[PDB]
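Peer 1: Each chain, letter by letter, is given below.
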Amino acid sequence: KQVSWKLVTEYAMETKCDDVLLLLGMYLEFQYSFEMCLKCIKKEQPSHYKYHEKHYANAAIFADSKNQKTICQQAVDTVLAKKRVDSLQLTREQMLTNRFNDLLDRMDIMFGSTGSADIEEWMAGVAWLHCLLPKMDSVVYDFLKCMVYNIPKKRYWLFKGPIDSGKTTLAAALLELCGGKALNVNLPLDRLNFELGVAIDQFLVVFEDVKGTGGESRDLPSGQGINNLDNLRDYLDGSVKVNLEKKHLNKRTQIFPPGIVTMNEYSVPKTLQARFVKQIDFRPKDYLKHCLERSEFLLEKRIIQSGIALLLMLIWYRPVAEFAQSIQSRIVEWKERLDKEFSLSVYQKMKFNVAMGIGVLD
Amino acid sequence: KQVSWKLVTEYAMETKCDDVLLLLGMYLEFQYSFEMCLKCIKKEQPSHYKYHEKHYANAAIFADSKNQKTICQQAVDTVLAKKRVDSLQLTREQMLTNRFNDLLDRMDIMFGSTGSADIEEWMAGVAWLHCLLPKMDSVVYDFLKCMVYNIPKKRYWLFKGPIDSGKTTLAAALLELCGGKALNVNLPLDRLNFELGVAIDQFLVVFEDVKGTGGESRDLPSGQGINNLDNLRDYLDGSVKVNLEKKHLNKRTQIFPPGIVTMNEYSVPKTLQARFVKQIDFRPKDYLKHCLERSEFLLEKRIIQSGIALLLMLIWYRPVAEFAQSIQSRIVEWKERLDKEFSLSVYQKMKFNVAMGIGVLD
Amino acid sequence: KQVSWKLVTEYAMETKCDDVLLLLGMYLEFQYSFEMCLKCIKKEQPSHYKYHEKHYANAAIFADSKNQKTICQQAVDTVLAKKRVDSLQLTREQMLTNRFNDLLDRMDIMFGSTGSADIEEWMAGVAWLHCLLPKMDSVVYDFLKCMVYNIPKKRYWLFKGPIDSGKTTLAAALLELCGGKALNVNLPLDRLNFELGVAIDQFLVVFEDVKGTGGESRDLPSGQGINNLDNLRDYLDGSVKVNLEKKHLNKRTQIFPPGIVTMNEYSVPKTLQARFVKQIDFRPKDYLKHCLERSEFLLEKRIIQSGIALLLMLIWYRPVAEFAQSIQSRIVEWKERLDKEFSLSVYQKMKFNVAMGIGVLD
Amino acid sequence: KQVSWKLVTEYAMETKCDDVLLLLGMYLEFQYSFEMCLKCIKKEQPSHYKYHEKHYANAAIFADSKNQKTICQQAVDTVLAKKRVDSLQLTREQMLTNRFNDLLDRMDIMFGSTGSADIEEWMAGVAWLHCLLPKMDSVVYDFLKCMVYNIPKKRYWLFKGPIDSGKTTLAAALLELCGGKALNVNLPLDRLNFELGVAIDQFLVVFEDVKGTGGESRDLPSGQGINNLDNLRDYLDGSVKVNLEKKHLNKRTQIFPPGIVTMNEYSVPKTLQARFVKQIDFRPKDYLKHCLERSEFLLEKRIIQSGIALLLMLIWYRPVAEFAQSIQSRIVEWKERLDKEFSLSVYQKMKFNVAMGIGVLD
Amino acid sequence: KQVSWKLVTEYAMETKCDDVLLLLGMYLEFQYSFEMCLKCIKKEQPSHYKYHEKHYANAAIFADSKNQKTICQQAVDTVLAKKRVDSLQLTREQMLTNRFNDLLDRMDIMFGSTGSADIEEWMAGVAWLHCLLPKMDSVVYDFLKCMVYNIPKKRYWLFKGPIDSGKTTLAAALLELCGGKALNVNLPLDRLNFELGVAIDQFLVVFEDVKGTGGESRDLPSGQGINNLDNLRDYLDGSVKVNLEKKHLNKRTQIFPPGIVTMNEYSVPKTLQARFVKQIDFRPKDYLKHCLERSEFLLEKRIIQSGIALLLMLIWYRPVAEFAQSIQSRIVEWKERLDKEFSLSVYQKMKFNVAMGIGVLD
DNA sequence: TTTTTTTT
Ligand SMILES: Nc1ncnc2c1ncn2[C@@H]1O[C@H](COP(=O)(O)OP(=O)(O)OP(=O)(O)O)[C@@H](O)[C@H]1O
Ligand SMILES: Nc1ncnc2c1ncn2[C@@H]1O[C@H](COP(=O)(O)OP(=O)(O)OP(=O)(O)O)[C@@H](O)[C@H]1O
Ligand SMILES: Nc1ncnc2c1ncn2[C@@H]1O[C@H](COP(=O)(O)OP(=O)(O)OP(=O)(O)O)[C@@H](O)[C@H]1O
Ligand SMILES: Nc1ncnc2c1ncn2[C@@H]1O[C@H](COP(=O)(O)OP(=O)(O)OP(=O)(O)O)[C@@H](O)[C@H]1O
Ligand SMILES: Nc1ncnc2c1ncn2[C@@H]1O[C@H](COP(=O)(O)OP(=O)(O)OP(=O)(O)O)[C@@H](O)[C@H]1O
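Protein chains in written order, with the entry's author numbering: chain F, 266 to 627; chain A, 266 to 627; chain B, 266 to 627; chain C, 266 to 627; chain D, 266 to 627.
Worth flagging that the hints you see were computed from the coordinates, not collected in a lab. Treat the hints with care, as some may be off.
Identical copies go unnamed one by one, so any copy, or any two together, can satisfy a pair.
[Said to hold, decoys possible] The list that follows gives simulated cross-link-like pairs (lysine to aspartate or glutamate, DMTMM-like), each with its CA atoms no further than 25 Å apart:
hint: 1; residue 1: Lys516; residue 2: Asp367
hint: 2; residue 1: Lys506; residue 2: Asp429
hint: 3; residue 1: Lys543; residue 2: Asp474
hint: 4; residue 1: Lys566; residue 2: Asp551
hint: 5; residue 1: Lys418; residue 2: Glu441
hint: 6; residue 1: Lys446; residue 2: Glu530
Model the full assembly from the supplied sequences, consistent with the hints where possible.
Peer 2: Listed below in structure tokens is the structure:
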């Protein structure tokens, strides 16, 4: 009798494993009897204990195969092919739908029976989120939908604001919920051609603060950014496809993704200003600085800039109807838990602790 | 009959051998009758003499095969696969506990009946090391915990200061203890691709005497070191995953390992300086040299570079409860052996001899 | 009937051959009847005529095979594996002891019945080198010890002197004796990657006339030498492992071997001066030149730059007890043969002639 | 029935062919019925017409093979393997002897009945060459001895003179005589890596028209050559092996060949001047020009470039004793043939014509 | 039943195809029923309709093969092998004779019954070209012989004159007639290396439009080319071999091919002037311009660009004895066609019209 | 796939 290549391929699909070594390693673990399997008994890892008993007979024969890496290479191809199909076929909303469902799986397990971070800390995370600026959940929801629609011109917001104003901290966090990258335009125009290639295939993008050419009138350093960006008419508009470039590599073309421009409190051409839907001046805030100094568990469990923290803020504020239609069930199922475990008073109290800069958990 | 690839792969696992040439050479030694094997008789290498009798029959049949490198390739991939599975599943504490078991097994041999090392010399090494900086064991205990907790923007400590001030000496001992990697960045910005590629699946990394720009007024030549350092601060923050390269293999994404950086008293952008929890500056002391000059077996046997010396130091200084739980059995067993073999007065004799700059053994 | 891959592998072990083309070429020669083999009758190459009769029967079947390069590849891998195993398990003293046995075997051939070398001419070379510096044989013993002990950051010797000072000549003989490699560093800082990759598993290295800067004041055209080397301080220090690269191969990690650097009298950053444990200064001396002019067979046979000549010097000058215990047997036979073949008065007649700058022989 | 790979290997060996495509295309020609082969019947190519009839039957079966390029690859390997065996085992004298045997075979064809060459035209070339420098044939003999002996730091000859003075003409003939390669060092310092790679296994090399810097007073266009070349001083000296590189290939290690440097009349750094064992001035002369204008069949047939011309000069001038012992038999036969063809008066008449600047013939 | 690899190789040989994909695609088309094949019925492409009926049976089995690309590779190799045999063995006269046969085959189609060309319009082309220079037909015949004999120094021709005076038109037709490549030497000196790499194995080269320096007074834009050419003396004189490079390939060594240089009226150094056999002056002539206006089917169909036009000019003007002896039989048949198709009065009326600057046809 | 080319 012989290895079923089919069963190996199922496991790769189910785990969504797409590293051949990782697939090989884990599947070999099943070769011992599941009947006594201590990893199963300890319930350490679902990717093991959910599967061992089913795969056991096949894994034994797999361990005797002389061909093992070849089996795994085909299985990894299957998962990569699946991704490339979906990546071409599906809508931006379907794509965001799936990423929500993915992060809602981390929501599921992180506070599952292992509880390996206390959900309450993430409530305090939500508190130090929603303090930041007016209606912060709605400002998120608005900018999120703006980026899903990817409507031409209506695509770029201007995060003005000085040093440590938090703009980078927030925009970086949002890319967990979506994926993307940040960019540089202060490096001179000969380099810029290659800098632009970093935007390729990004679901979202962001820009570094312009060291704007005029900013040293404000004593804000003047790299090439302002005149560079003011000249890049289409890229912001996303009206048509454009070419993009990388070292040692050929050109490619697509519509240039939507995004964010951050800056310090720079001077700007009215033409470049006309490229933006919004401008906001972020600022450091005197409660918030001391509150973080007093609330550092939010940094320790890596809460603050997690998409999971944005996801909770979103789940807490936003109506079920505002979410991806089928996932709305899962949204109810978490509105259940979050409002079950946490009163509005502790939530309000936590926000009031920020409202006085005292440490959030109290 | 035919080769058991299974028996080959077991040896590769139990040696934890992960080089295909090394494995091939090793296994071919077993083709002779262990009945006369001089290496067995000499008890020359455990990786041989423990296994020769068991594998002899299979090695004879292996010696005739025409597939020999292919057999070894599959066996090596099994070992790499095991590492990759541990890499993602284990806690950083669990990793460290494994690492310590490996070192303890080696010490069991080194000071065993084979006994090629004598612990008095290594204890003199401990004395020299604990003399090198105040409360050395305690500063080590801090670094270990910091490295296990892996707190972002706090993942790195920097050593500054003149040559021959021991920063390398200490880095070497810690790196052996942790099983990290050294890395270089004083290099073409592009070629960092595979260099950082080595950071795949490592607990810890070290960057050596990396070059500032300016300070050549003090005979410190400018170089790409500090450029590449103050660039890549995300790798020092560690809040961010990076995709890492190897030849003829996929790129793989992970959080970059935490680490140590070292320099002489170069220039350093404050933007980079922000990343380091401790930034300690190392400077020479001469009585150490006079001791070394009189104690040169310390350097000749590289004792003061070994992580083994640090582990001996931690056994001597730290409470049993400060160790990870499972090994505390072995900790106690070694504390017995140390405190049995050495009075404190012997350790005093050593340590004042060190401080006095006289030969430690006396 | 079929090819024995085993017999091929033995021949590669026997010859220590490790180029697949050289292996293939030489094994093919055995296809003709050794009974008639003109090369055997000439007794021209030992690696042929020792083996032809044994391998003839298998070579006839190899000559028909369709796999030939594959059979040779496996054999070369077996030899390379043996090197890897030895490199990881021998003491440096055993490695050197093996190297000396190989040279002694060549000497047995050279001065054997085939006797192509004249031991008088070779001993004249010993007199010339023993004259080149004070206490020459003592200096060689010091260097050997230093390379065997391999004390970290006490690992490199610097040779300085004007052109035709003889520093290259001395370095060449030492390099043959220990079997290192020479390397160039007066080079662009990128391709150093594959250049230094040659040092993998080598016992010793030499860097040549390494170009400094500001040298035109002394008519030394400046270059990248000193610039590059004061980067690689760790490679000199040998305090930690480093990663070495080859084409189509992933990096190998190991300590970088000890060695020698040669220098016309450029400037030196003391960051670099710190790492040479010793420097020797060389001077042109015209009477040696007159001797060479009258004694051209020294150069034509390259005698004065062969490690064979250094070995003969050591046999003449050093106690038998200084040699590693096993070869002391062979050493005694060569001491006897030398004392038989030369009176001291003949050697004194030579050293006198060398001092006079007359042709060595009279 | 099946293809004899052995017969293909024989054909490759006998034709000394080492291009897989040329070997393939050649062997395929034999598949047509030998008895009609117009290439045979017109006696156009010895590499065809000697072999077609022998190889015919196997060529027909080879034409049907599904495996054709694999068969050719194996055959080409054995030809390459033989070259490497020879490179490591022949004396430099034997190499030159073999090279001479090959040219002498070509001369048997050129002046055969099938031979198109006019021996009188080729002998006219020798007259022109013997005029180009004093004691021309003695100079050739001295150069040959120098190349055979390959004495370190006494290995390189420098040619200089005005443009149109004869220098590359003479270099070309020596290079065809000995075999070797020309190289251009007036380059950026990076691609020197692959440029110098060409020297692998070569006997001679020639550096072509190395450019100095300054001396544009003498209308000399400046370039990298001299300053660049002075960095490679050890490649000239040849005291020690060096490492050489080809595209997509690992570094080879060997001693860098001896050879010739050509330039117009720049000045030379005496670090490099010291390395030239001999220097030859070339000067324009009117009678050579006027003779050559009236003797253009010399140029039209490339006579004065070609190694056959230098070989003919040596056969005329040098004693039989000076040739390596085995070729003395063929040398004697060629001497008889030449003396039978040309009286001394005819040769002296030619020389007098050249001196008079009339066309060589009369 | 089996695929015949032989029948594929015959098709590849007969089509002279040497792209695997082009070979593959065309063979697959034959799998459909030849008897109704629409492409056959249209007589659309000779590479198809001549062959479909023959290969149909094998194409059907080929369509089921699992080895398809492997079969094609071996076939394409056979075509490439034929080219290298030819390149190394044919005389330059035979090369040209082959090239003419290819053009004559295309003309048989073009002016066939299926032939879409009009022999009258193509003869109008010849009338215009014969007016472009005095003695045009003799000038071509001289150029061809100069290329065939390839006599050193006597190798290169210079085309000179104002912009829009036809020089590149004539170069292009000659380049099509002989086969060859254009090259641009106006580059900086570094990239010239890969540029000249294009010349490998070519028959002719054209140096397009080399820019001088100065003559900006005459509005001529300056550039490197003239200086670069003056630095390539040996490539032009073609007396000795040179090394040539391609991307990702090792160098090859050959005589650099003969060719043409073209320029506007820059000043030419005498060093460069001496390199050229012949200079041809091109001048604008209004009557050609007004003729082209009223005869633009010449331009539209690219008639005056084509080597096919020049071949017709040779056939009309040259005696049959001037052609290579084998093709003289075809030449007579084409002369016979042309004599039947045009009286001299018809042709001379066209020449008169061109001299009037009137449209060619009346 | 890298290496080489590109990049610089
Ligand atoms: N309101 C705030 N007041 C003070 N500190 C803050 C505030 N918000 C965030 N921070 C802290 O400051 C860090 C830096 O913030 P961030 O980089 O996002 O600011 P920035 O405005 O984009 O800065 P810069 O203009 O200097 O690039 C944050 O990661 C957080 O630790
Ligand atoms: N504080 C010290 N006092 C005296 N000797 C020291 C001291 N620290 C190190 N050494 C000696 O200096 C030599 C090198 O030590 P080490 O490489 O660790 O220093 P370093 O400061 O890291 O040097 P570098 O800057 O060259 O890397 C060793 O011989 C070591 O014993
Ligand atoms: N001390 C000496 N006195 C005189 N002649 C010497 C001396 N040493 C070497 N020679 C001569 O100089 C030649 C070259 O010697 P060597 O290459 O070893 O010198 P070097 O100083 O290392 O030179 P370089 O800097 O050119 O590499 C020797 O072959 C010998 O002919
Ligand atoms: N000594 C000479 N006197 C006169 N004419 C010469 C002389 N030597 C060569 N010639 C002519 O000069 C032509 C070019 O010679 P050669 O190819 O050796 O050129 P070069 O300028 O001397 O060398 P290079 O190009 O290497 O600098 C010869 O083909 C011949 O026509
Ligand atoms: N002798 C001529 N007299 C007038 N017009 C001409 C002549 N030769 C060419 N033409 C016109 O010039 C146009 C371009 O010709 P062509 O491209 O050969 O010119 P060129 O001067 O050789 O160009 P370039 O130097 O830019 O490559 C032709 O299409 C035709 O219209």
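Peer 1: Have a look at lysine 446 and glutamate 530 and pick one of within, between, both or neither, based on CA distance no larger than 25 Å.
Peer 2: For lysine 446 and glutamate 530, the Cα distance is within 25 Å only inside one copy (23 Å; across copies 34 Å).
Peer 1: Indicate which option fits the pair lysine 506, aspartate 429 if close means a Cα-Cα distance not exceeding 25 Å: within, between, both or neither.
Peer 2: between (35 Å within a copy, 17 Å between copies)
Peer 1: Between copies, within a copy, both or neither: which fits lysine 543 and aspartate 474 at Cα up to 25 Å?
Peer 2: both (16 Å within a copy, 23 Å between copies)
Peer 1: Can you give me the call for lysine 418 and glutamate 441, within, between, both or neither, at a CA distance of at most 25 Å?
Peer 2: Both: 24 Å inside a chain and 18 Å across chains, each within 25 Å.
Peer 1: Pop the pair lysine 516 and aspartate 367 into one bin, within, between, both or neither, using alpha-carbon distances up to 25 Å.
Peer 2: So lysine 516 and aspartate 367 pass the 25 Å test across copies only (23 Å; inside, 30 Å).
Peer 1: Using 25 Å as the alpha-carbon threshold, which applies to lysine 566 and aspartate 551: within, between, both, or neither?
Peer 2: within (21 Å within a copy, 45 Å between copies)
Of the hints listed earlier, there is not a single one the structure fails to meet.
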